[PDB]
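One structure below.
The complex is shown incomplete by one protein chain, all other protein chains being positioned as in the whole.
Chain nomenclature is as follows: A, B and C, assigned in order of appearance, with residue numbering initiated at 1 for each chain independently.
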């Protein structure tokens, strides 16, 4: 489905947002 | 194809839940 | 595919592991 496509794209996209939040927390605590 | 898509929706829901958890953690950390 | 099935199951499974790690961090910082 192009339905699974779109959901797969959002999923990736939140996953990069989560990795960035964690990277940010890691940076901040390292200071 | 439908169990897969049902699965994707489920996966996205858990990401939202992880985002709520990170929202709380960020507040606790003074960030 | 029963291939997408298995990957979908592991994906969920790491997602519950991540939610539990974060829950744990949230608990610990709340103390």
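Here, a contact is a pair of C-beta atoms (placed from the backbone, for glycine too) under 8 Å apart; a residue touches a chain by one contact, two chains touch by 3 or more.
Across the interface with the omitted chain, chain A contributes residues 4-5, 8, 11-12, 15-16, 18-19, 22-23, 25-26, 29-30. In the full complex, chain C contacts the hidden chain through residues 1, 3-4, 7-8, 10-11, 14-15, 17-18, 21-22, 24-25, 28-29.
Everything below uses one rule, namely that only the chains that are shown with their structure count from here on.
Chain B and chain C, compared by their mean Cα positions, are separated by 10 Å. With centres taken as mean Cα positions, chain C sits 14 Å from chain A.
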